[PDB]
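Shown next as structure tokens: one chain only, the form deposited without ligand ADP.
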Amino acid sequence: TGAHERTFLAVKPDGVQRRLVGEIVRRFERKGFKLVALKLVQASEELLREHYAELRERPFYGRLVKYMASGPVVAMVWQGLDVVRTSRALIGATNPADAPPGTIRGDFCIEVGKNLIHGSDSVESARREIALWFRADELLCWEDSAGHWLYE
């Protein structure tokens, strides 16, 4: 949907525990993306098994699920042009060792299991993840007055 593209972001429990929710939000705000959904939730194992369904035969899958249910996450939807790809970029490589400073993981994380945040890896994944984590009435349209200064 061009500038109506959406991605799903989740601050993982390490993010909440280390108090970096604000910091992360702020990076998306100042980049100019539009916050259209935000919930602090304790994810169920049922949901997380579906979230991570593509990773079900990998050896990390049990621990990854038990982890993401271990604490509160902050679930989020961000809207704007190319937001999925750009989010991946702001966040940085999956392994923080490969995430250059300036990215969230580059700045704040050391190890791949405690890398602070999930972002949808494709427009497809975002559609699925958004529907899985959020009811349609939790996604907000609002008239974004900043948008005259972010888009032509």
The other form holds:
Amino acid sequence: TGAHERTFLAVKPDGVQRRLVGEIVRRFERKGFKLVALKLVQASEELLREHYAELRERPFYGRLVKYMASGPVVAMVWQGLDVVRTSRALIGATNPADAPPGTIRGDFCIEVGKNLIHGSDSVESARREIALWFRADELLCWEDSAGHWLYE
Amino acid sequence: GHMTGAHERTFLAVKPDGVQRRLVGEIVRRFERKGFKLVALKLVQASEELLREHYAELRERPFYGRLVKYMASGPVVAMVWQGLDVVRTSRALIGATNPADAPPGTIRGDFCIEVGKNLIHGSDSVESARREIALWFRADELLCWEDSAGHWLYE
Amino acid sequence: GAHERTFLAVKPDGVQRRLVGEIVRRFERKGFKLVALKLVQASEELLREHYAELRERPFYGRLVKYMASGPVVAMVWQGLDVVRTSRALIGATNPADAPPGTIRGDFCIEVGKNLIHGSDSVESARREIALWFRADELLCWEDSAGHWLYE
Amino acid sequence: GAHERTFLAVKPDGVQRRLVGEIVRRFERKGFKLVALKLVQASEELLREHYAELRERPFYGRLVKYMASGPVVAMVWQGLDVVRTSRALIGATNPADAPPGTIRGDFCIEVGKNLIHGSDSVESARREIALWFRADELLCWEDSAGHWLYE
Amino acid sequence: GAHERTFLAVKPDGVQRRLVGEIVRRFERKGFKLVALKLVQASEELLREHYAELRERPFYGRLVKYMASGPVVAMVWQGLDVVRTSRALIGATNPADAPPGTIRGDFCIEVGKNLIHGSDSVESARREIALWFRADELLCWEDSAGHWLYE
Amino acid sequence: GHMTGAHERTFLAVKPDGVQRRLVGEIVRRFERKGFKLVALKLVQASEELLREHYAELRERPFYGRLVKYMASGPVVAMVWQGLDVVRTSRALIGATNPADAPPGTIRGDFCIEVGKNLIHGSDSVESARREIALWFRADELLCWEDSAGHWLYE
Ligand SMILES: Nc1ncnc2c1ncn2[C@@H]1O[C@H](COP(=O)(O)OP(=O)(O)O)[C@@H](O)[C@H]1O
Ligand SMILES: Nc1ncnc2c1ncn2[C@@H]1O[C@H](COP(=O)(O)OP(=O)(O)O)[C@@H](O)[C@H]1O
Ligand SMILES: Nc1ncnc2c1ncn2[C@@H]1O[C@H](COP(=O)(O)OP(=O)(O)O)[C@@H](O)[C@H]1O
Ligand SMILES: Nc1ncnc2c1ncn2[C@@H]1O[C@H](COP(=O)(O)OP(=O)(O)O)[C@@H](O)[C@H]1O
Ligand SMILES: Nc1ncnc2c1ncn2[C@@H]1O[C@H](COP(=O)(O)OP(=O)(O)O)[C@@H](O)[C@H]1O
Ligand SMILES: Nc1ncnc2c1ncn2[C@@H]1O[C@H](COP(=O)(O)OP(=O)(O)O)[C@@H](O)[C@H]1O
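Previous: the form deposited without ligand ADP; requested now: the form deposited with ligand ADP bound:
First the chain shown before, then all remaining chains and molecules of the complex.
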């Protein structure tokens, strides 16, 4: 899908509490990606168990689920060329200690457990996460007036 | 309400020009830095139907058809913000309807030029806010959460 | 008049909300010279004196208690008309009346949590500077930018 | 009226204080179209004509000599009501009178060091644009954002 | 080496996306000295010469046509190691390879729409500056901040 | 420490060039936004004496006299910041000693050019931080306060 690739991103409860939602959104807007879905939600533990199913045998899994369910999150879908991989570069390493300055985690976070944002790790993960969090009628198609200036 | 006033809510929407011009984050950050509490948020493609109801007071103005068509022309970011005097204060942060009359420091004063592409809507009154919130959101979309910042914004 | 000085303090809410740097940057960008700075926990006794003119007001006790409740950033800034200009940058006491573009207009909601204190007059500034700082904390420096800020 | 143009110039103090980008960004973020730009040093002869309406004012000589003393960034911006709106963005002549949120309100202290010039009227802009720029320095370009700025 | 100079150009996509001021501010905040600036539309003849090292590359033709298609902001910046450092601030040619914090890493997606050109070497810079600018367009000014940037 | 590590402290100082160039607020804002806790702060005119001891280790370097003279050539903003891995992290945020080697996104990478005017000092190690904090601050200048934000920065 090339420039139509999509990723799932979510601002975690700490990002909402720390008033960093606009800052995060602005970084993806300024990069050139197209916002195609957005909502403030409180995720159920049932949903979050499915979301993090790959991690279910890790010792932190339970508290990760409980935490992500504990307050509002901002769920998003962004669209563009290589948006999955590039979003992960913008976000930075899982452990903010390893995330360089200039990344979101590098600039704003200290600890792995309070690392502001989730982004899909692969196109296949993105497909699964988008379907989990969003209905199809929440995913918008619009003609981007900037696209001529971002793409060949 | 009247208890303390702090649970007043307004409807704000980033119009299609705000999305196209990549100002969503900038607009949200201004309300975040002010101290208001985001209690609802969604990106939507608004139907002409809903918009006719939203702008019903402008039903017999000459621009009405172009406004509705335009607001339906692309995504809108619909929001509800909560806090003391949020309706009046949000109108001040946005600035005058005609950007030419909105001072620098306001959203319209800083970011736009013409009345027909003026980035954002905010409820003009508490009663308008009640009506607009109900029109645009379901009850279950309005979130109750515990704002760690409140202690530092409110006496 | 370029050596006029004012006393500004970031109140405990400004520290807690991580707005210290934002506030300092606004006075830097305006052209004023920072000549004193410290993070302190003010005593209630100091604060009772600082706000003595308000001692008969219903809110005086809670103002004092609050200002003593957490760290504040005490500052002295220097430049032409700095006292009045700083008050303009800060905005009205009640943030509801502070326009966008001002510190209180951009960042605050309520009169009791209004981020920052600034002296209200040159004589108030002299008094407040003396209350909060020793003479050896007030620095003198030659501003490389001054030729570009003053005629 | 969307093709109205104004002449703006970053004065020597704006260049020296490293505020050129900040100023340009304010006009870009507003939605105006940059149609001419150059870093130049103007002659006193050009400046005497630029400010010819102020020839009887006691500061005229000083103003001319100062504006000739260092580089300035000359610009033309295009858009609806650009002259009047640009003046609003810049703020009052005397920065003491310019509210926070304006360029002069945010960055300046004194009337002689007030960062930027903007034309005062459509007819003054026509005159100033002609004075500072060759016709071939004003560029026509198709504005991708035009549909989202204008109805 | 503090008098080294580089040629930078904001490409048509940077103008259209309203990123001129953002880009300039990044070089200003670094401490580099702006010594020439203009908004221009370059000829294919000039651009063929500009990019002559790339003449056997498959994209050469489309690169030349594109850079000729709309306005660019041509600039010269001065300072110690300005060529190499500017390239670092810009980031990798392909924005997919440019880290966050760089211009291309922060603002761009694709190699053909990568916002800005910067000279690749001191000798390339000398050639490019000569190609785009007349000698009288390069300004000598006394930098008020130089004592605080350099030893 | 070793309980959780969250009470580690570093000494940071904005050098005179950072004061003159009006980057104090910019610098402080980068540490605030990262989540570290400001526990001490003062503007000082550092004596040639204090500085000779600060930079004792560099006594045999040919630039030593010029470093001490420069660090006394205007005000310095002395700070103590607290948090998990604050010494190592602060060094990463500042970037390499030589700004030409500091990547964009770091303080030195974004804001300065030459090694002799490199804006800021941060402790290079936990032991150095212990020594620097002791040298520049009195114990009663290091404040214990309840950080509302810690709940959102720490698990
Ligand atoms: N060792 C850990 N302890 C606590 N939380 C962790 C740990 N490792 C990962 N996590 C949390 O689980 C989330 C999902 O892990 P993972 O998908 O591997 O990382 P990423 O979010 O960088 O793609 C992380 O973002 C983080 O919040
Ligand atoms: N004279 C006008 N010409 C064109 N569009 C207008 C005009 N007046 C209002 N509008 C449009 O209709 C919207 C609703 O108008 P109104 O409620 O009066 O303003 P506001 O949005 O400031 O509350 C405006 O925000 C603008 O988009
Ligand atoms: N009505 C009030 N209720 C609570 N606190 C108040 C009230 N009026 C003033 N204050 C507090 O007292 C501080 C000092 O008041 P004053 O000197 O009159 O205002 P300012 O700080 O704007 O100069 C204010 O900044 C505010 O924090
Ligand atoms: N009283 C004054 N003293 C010194 N310089 C002045 C004075 N009044 C105006 N100037 C300078 O002359 C410039 C041109 O004046 P004017 O056109 O009246 O103001 P503006 O630039 O706001 O349109 C001003 O921008 C300012 O630099
Ligand atoms: N494979 C490519 N496809 C399209 N355009 C390209 C490609 N490689 C390079 N370019 C364009 O050519 C310009 C000049 O290339 P080069 O000098 O090698 O890179 P840089 O601009 O990073 O110094 C690039 O900035 C880019 O816009
Ligand atoms: N080669 C040099 N020439 C001049 N000044 C230098 C040189 N190396 C270091 N300095 C200065 O001495 C300070 C201390 O050096 P060092 O401890 O090696 O760096 P850092 O401050 O990054 O820990 C530097 O921050 C810089 O101001």
